[PDB]
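**Q** Now for the letters of each chain:
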Amino acid sequence: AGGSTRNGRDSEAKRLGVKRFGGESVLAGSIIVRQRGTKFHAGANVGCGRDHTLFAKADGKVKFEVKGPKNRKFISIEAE
Amino acid sequence: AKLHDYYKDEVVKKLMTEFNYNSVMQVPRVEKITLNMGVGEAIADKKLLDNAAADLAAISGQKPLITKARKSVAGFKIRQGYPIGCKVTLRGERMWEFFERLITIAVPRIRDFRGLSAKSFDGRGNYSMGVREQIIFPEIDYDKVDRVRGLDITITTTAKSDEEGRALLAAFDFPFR
Amino acid sequence: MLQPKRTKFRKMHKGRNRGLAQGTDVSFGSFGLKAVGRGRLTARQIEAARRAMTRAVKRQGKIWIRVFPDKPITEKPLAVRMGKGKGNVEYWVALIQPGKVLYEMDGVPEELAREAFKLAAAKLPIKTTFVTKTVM
Amino acid sequence: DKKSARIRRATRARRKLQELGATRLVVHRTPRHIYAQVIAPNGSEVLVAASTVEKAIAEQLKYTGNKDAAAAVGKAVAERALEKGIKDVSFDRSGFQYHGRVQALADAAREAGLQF
Amino acid sequence: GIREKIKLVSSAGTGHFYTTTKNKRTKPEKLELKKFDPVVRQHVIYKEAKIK
Amino acid sequence: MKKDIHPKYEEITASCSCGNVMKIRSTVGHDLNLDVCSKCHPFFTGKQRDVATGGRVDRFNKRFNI
RNA sequence: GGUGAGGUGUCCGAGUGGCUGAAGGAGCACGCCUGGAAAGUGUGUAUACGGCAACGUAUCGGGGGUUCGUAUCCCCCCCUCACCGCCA
RNA sequence: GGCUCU
RNA sequence: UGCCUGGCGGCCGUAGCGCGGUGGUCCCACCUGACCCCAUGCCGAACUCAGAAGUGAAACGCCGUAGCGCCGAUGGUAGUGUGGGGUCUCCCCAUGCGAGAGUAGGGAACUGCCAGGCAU
RNA sequence: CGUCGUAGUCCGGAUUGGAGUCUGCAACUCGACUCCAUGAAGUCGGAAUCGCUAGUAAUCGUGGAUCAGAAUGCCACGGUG
RNA sequence: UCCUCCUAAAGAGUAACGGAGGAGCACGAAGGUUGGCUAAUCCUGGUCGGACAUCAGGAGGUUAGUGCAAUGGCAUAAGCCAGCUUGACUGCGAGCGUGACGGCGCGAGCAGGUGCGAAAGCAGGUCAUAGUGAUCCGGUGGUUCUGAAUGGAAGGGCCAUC
RNA sequence: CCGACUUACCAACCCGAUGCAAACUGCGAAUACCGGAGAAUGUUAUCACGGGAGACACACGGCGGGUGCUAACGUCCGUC
Ligand SMILES: [Mg+2]
Ligand SMILES: [Mg+2]
Ligand SMILES: [Mg+2]
Ligand SMILES: [Mg+2]
Ligand SMILES: [Mg+2]
Ligand SMILES: [Mg+2]
Ligand SMILES: [Mg+2]
Ligand SMILES: [Mg+2]
Ligand SMILES: [Mg+2]
Ligand SMILES: [Mg+2]
Ligand SMILES: [Mg+2]
Ligand SMILES: [Mg+2]
Ligand SMILES: [Mg+2]
Ligand SMILES: [Mg+2]
Ligand SMILES: [Mg+2]
Ligand SMILES: [Mg+2]
Ligand SMILES: [Mg+2]
Ligand SMILES: [Mg+2]
Ligand SMILES: [Mg+2]
Ligand SMILES: [Mg+2]
Ligand SMILES: [Mg+2]
Ligand SMILES: [Mg+2]
Ligand SMILES: [Mg+2]
Ligand SMILES: [Mg+2]
Ligand SMILES: [Mg+2]
Ligand SMILES: [Mg+2]
Ligand SMILES: [Mg+2]
Ligand SMILES: [Mg+2]
Ligand SMILES: [Mg+2]
Ligand SMILES: [Mg+2]
Ligand SMILES: [Mg+2]
Ligand SMILES: [Mg+2]
Ligand SMILES: [Mg+2]
Ligand SMILES: [Mg+2]
Ligand SMILES: [Mg+2]
Ligand SMILES: [Zn+2]
Numbered sequence: 006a007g008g009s010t011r012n013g014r015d016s017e018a019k020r021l022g023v024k025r026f027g028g029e030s031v032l033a034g035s036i037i038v039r040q041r042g043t044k045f046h047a048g049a050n051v052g053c054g055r056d057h058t059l060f061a062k063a064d065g066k067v068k069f070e071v072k073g074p075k076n077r078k079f080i081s082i083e084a085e
Numbered sequence: 002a003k004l005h006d007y008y009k010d011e012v013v014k015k016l017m018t019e020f021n022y023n024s025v026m027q028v029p030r031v032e033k034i035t036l037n038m039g040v041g042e043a044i045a046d047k048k049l050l051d052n053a054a055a056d057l058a059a060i061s062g063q064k065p066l067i068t069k070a071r072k073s074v075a076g077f078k079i080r081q082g083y084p085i086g087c088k089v090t091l092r093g094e095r096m097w098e099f100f101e102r103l104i105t106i107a108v109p110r111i112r113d114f115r116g117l118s119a120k121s122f123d124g125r126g127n128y129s130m131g132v133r134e135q136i137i138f139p140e141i142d143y144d145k146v147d148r149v150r151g152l153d154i155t156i157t158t159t160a161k162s163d164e165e166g167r168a169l170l171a172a173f174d175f176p177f178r
Numbered sequence: 001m002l003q004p005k006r007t008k009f010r011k012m013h014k015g016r017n018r019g020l021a022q023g024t025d026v027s028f029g030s031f032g033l034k035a036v037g038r039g040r041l042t043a044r045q046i047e048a049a050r051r052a053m054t055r056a057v058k059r060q061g062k063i064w065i066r067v068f069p070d071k072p073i074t075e076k077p078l079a080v081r082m083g084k085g086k087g088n089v090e091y092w093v094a095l096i097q098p099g100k101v102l103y104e105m106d107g108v109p110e111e112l113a114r115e116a117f118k119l120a121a122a123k124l125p126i127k128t129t130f131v132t133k134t135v136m
Numbered sequence: 002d003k004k005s006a007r008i009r010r011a012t013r014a015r016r017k018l019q020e021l022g023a024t025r026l027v028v029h030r031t032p033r034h035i036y037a038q039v040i041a042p043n044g045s046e047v048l049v050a051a052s053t054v055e056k057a058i059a060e061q062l063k064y065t066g067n068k069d070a071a072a073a074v075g076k077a078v079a080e081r082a083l084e085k086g087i088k089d090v091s092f093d094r095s096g097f098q099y100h101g102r103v104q105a106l107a108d109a110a111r112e113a114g115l116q117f
Numbered sequence: 004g005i006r007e008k009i010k011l012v013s014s015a016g017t018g019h020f021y022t023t024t025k026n027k028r029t030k031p032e033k034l035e036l037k038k039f040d041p042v043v044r045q046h047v048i049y050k051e052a053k054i055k
Numbered sequence: 001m002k003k004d005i006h007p008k009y010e011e012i013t014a015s016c017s018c019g020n021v022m023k024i025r026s027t028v029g030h031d032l033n034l035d036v037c038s039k040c041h042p043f044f045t046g047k048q049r050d051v052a053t054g055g056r057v058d059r060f061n062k063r064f065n066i
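Protein chains in written order, with the authors' numbering: chain V, 6 to 85; chain F, 2 to 178; chain L, 1 to 136; chain N, 2 to 117; chain b, 4 to 55; chain Z, 1 to 66.
Some hints could be false.
Said to hold, decoys possible - With a Cα cut of at most 20 Å, we get these calculated PhoX-like pairs of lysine-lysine:
| no. | chain 1 | residue 1 | chain 2 | residue 2 |
| --- | --- | --- | --- | --- |
| 1 | F | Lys33 | F | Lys88 |
| 2 | L | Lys14 | L | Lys86 |
| 3 | N | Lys17 | V | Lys62 |
| 4 | V | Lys24 | V | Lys78 |
| 5 | b | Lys8 | b | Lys30 |
| 6 | b | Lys50 | b | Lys30 |
| 7 | b | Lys53 | b | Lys33 |
| 8 | F | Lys64 | Z | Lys39 |
| 9 | F | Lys33 | F | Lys9 |
| 10 | F | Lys3 | Z | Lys23 |
| 11 | F | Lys14 | F | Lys3 |
| 12 | Z | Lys8 | F | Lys64 |
| 13 | Z | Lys23 | Z | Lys2 |
| 14 | F | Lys88 | Z | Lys8 |
| 15 | Z | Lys2 | F | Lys33 |
| 16 | b | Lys30 | b | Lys53 |
| 17 | F | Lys47 | F | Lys9 |
| 18 | N | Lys76 | V | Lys75 |
| 19 | N | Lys3 | V | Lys72 |
| 20 | L | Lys71 | L | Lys86 |
| 21 | L | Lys84 | L | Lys14 |
| 22 | L | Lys11 | L | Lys86 |
| 23 | V | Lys24 | V | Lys62 |
| 24 | b | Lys37 | b | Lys25 |
| 25 | V | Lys24 | V | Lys75 |
| 26 | V | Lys44 | V | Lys19 |
| 27 | F | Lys64 | Z | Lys3 |
| 28 | b | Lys53 | b | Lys27 |
| 29 | b | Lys8 | b | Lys55 |
| 30 | Z | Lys3 | F | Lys3 |
None of these hints come from the bench; they were simulated from the model.
My request is simple: use the sequences and hints to build the entire structure.
**A** What follows is the structure, given as structure tokens:
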């Protein structure tokens, strides 16, 4: 008999990711992306939350797009 | 601006000749003079720093900017933010008037003056020298002080090379050697 | 015995050894010992085959070793139940795919390199072959 | 250098008005002249424009790069904007200080009828 | 947990209070902030008092 | 420049032993009497004299005659 | 096998991040008394350093490390001290 | 007061 | 309509670097001065103001240039969904998808709105 | 009589550089002295320890022997006391 | 118990006495806003000054920084200076996310009143993700809501809070 | 003190070539998943509410893996 360990810990899964995909009609206030950083960025009719959460300010379809000189990823809401 | 007039009338014609510049804007010119006093011993007391800035304010009629540590080192017993030195930037007429009082008064008041070095031009025309003792300036009273400070002078000019600044200072009769 | 000086981590997963190799052609030297089989070698097997070809060439020529054992291998001790943490790092291996050039050699004739690499392959668990520098 | 730091100094408010959808007044300042232009919310085309480089404005002036020229420019661009029916804009200082010729321009445009 | 807790009493005569924390070692001077008082519907100076 | 923080910077006269009268702006206030100026400094004659190696053979031949 | 504590100049002994290259003491060297010694009494004291030898290198068990910085903090190696190594 | 050996 | 320049964009390296060359009527830039607006934890350096003597030196713009950066096929290879098989730590067959890297090669951006200048 | 006026000083004179004199065949190792400059330590000395009872101690100069030259040593002499 | 990465099989989620690290706070400014700024390291020269303080130029281009672990972000800076300040507001909240549930989270916008800014606007704590404990019982302030014949009161309720 | 040289004795940076990575990524699939449109098929196979449960000891096999010795009719996950 003998031994021990030191690597037993881990945290809970925060359920991040993309909640609504492209071409997918949403309501105002609908969470599109939950994320840690700004892996994506807020485009037209899309707000950025306190935790870099991307929510829809209006109603319509989700548009993923890459803009800017740095090729950053923007999310926009088309009208509907 | 006496030397500024002497530059504009005789030095520019001199250097345009001795370098064969196409344009007159291609000529060197002096831009600023920086007067540092690194006081690493003021962590003992502020008054050593506080009185050295008072001495350097008499030399150049500006209030000096008291500098601090960029980072923390333990070999010098300093933390990032301690006031550790003082600087003065001199431009314009006060630059020229200090450079006049320098090469006319203070350099002869150097103990055992025998010339400067022409190997102090930092590869890109900008000249830097260091004096051992502030009493060579007549601004400082000999009786009023107790402690021999020291400072260093850094002449930042627009000369690209090292020789264009060497000819520029030689045009100002700068005592190299 | 070859071994990494520093490591970012002390232990590693067992992984797999599937796929083809990349170090196929004789890059540096003239003759090569190419692995045909699949498996994992060790620092002992590498250093023993290096000694066997250094002695077989009488320090004539130049010998490259293309592989390096960087994977730590754990074992649990005797009379230890299967739980209670991962075992201790015991030795170091290099994963070998088919096609990997293991050793290279020049400055010697071909027949001497053949008998040297044969004495080396007799120290290796995997099946090898002899290759030469191909133009293109 | 100075041009680039001016652009960095301006490129936050330009993107902010870009997402606000704001019809935007762009000021540009030189030592000799001062420029103004009203830009559509797409940011790719203009509506009205005024400057001290125009003859109709410069011939009425002493120096093109003083405060009186800047007020004459903000007056001309405001009277042209209200002529074209553009009334509410948002002022882009374009990386300059809201001071001096820029402030005198915006005070002229406020006085002439624009709303910012 | 050296950062103790206090309350910010309205100076408008009402007993309304905000609750908050402070480091009493490093900030010995009293905290005074101008906060909204929902009873009077005005911004009123609140002052530090004891949490009791 | 700022208004109050700087010391007084006033034009005074500095005269020298060679009679080099020079008016400079300074923080001294009163007039200045010098000892050596750049005009009268022995940089152009004295520093030429001040090497003074001297000969060992010349001292030897100087001290006597054969 | 595992647990807990720990490794300091000749020795003992302080010291658990900021003159602690280290107290203090004993010891060692020098001196002084003694006919000589001891015991005394006073005075000093780590190791390689070299720039001229001023003061940085270094070393708290060895190796690694981080914090601006470690004798103290942490990590591996060991070495040693106390406990457990039971039931069948 | 106490103070060893040679 | 042509040329040049400035401003605001689109696009985000085939668009960037480098190297050489080139521009001053206008524009721009540097530049002159600062009692003033305003400013410097000192400094008219910057910011700002009042200006226009000078210069295109720098910067910027333009032209050229394959030292790079970048882009980049075709074919093959790796992988893999399903079904099947073997000598089953790993592979193969039918079928479908099909990279990355590399090669040939491309390549010294294109374009919109407004204003001004010189020509027409 | 004047001077310094409590300081490492107009104290102290070491050390060192340069220029010299003399003795002596000959002053490098290895002499004494002079001149100019240089201006250390040292601000009355731990434990411990020495001498001295009157012209004594203390202090001040002088001479001689030895010796070409070469003493702060030695042996003598007087002064103040 | 909680956080971060891998394992985790390119949506989410996913276990082991699997591999590695952290948390049980801090801040009345280290928050808000307005204005401005842009590193690390190295090279050369330079009084004391030295490997290493401070100063000037150049290379470099974020290899730095983020109050703390890691990951993801960060130049429009979320990083760094200064001015003014208290939005570290109260009542609400369309609509979604996430959990068996208790619960947790994001949130434009509305009403009042406020701060900065010329203004557009921004602000309902901090770059985000750890910094925590249900109910009961009891305490404190406020509030006529209730008040065992009635008027009060005790006590209770509601709000805030320990 | 200055160094004299030479000797390569090692070697930084940089350059070229070559490998390796679950906690590396200037690239990047197949599948899977989410959403939309459209046929054919399927005894609504879907969702909501309500009545009643049982069950929460799984096993092997294929594939992708952790651990173990790519040992176990071993163990722990995903999927069938
Ligand atoms: Mg028993
Ligand atoms: Mg005995
Ligand atoms: Mg006896
Ligand atoms: Mg200017
Ligand atoms: Mg040019
Ligand atoms: Mg292909
Ligand atoms: Mg490809
Ligand atoms: Mg190109
Ligand atoms: Mg080009
Ligand atoms: Mg006298
Ligand atoms: Mg003397
Ligand atoms: Mg002394
Ligand atoms: Mg004394
Ligand atoms: Mg004699
Ligand atoms: Mg006598
Ligand atoms: Mg996943
Ligand atoms: Mg998956
Ligand atoms: Mg912060
Ligand atoms: Mg800002
Ligand atoms: Mg340096
Ligand atoms: Mg944070
Ligand atoms: Mg209970
Ligand atoms: Mg009642
Ligand atoms: Mg009652
Ligand atoms: Mg991977
Ligand atoms: Mg049912
Ligand atoms: Mg159960
Ligand atoms: Mg179960
Ligand atoms: Mg199961
Ligand atoms: Mg399996
Ligand atoms: Mg098994
Ligand atoms: Mg099983
Ligand atoms: Mg298994
Ligand atoms: Mg199970
Ligand atoms: Mg299975
Ligand atoms: Zn003179």
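**Q** When the structure is checked against the list of hints, which entries are broken? Sort them ascending.
**A** Numbers 8, 13, 17, 18, 19, 25 and 30, in rising order.
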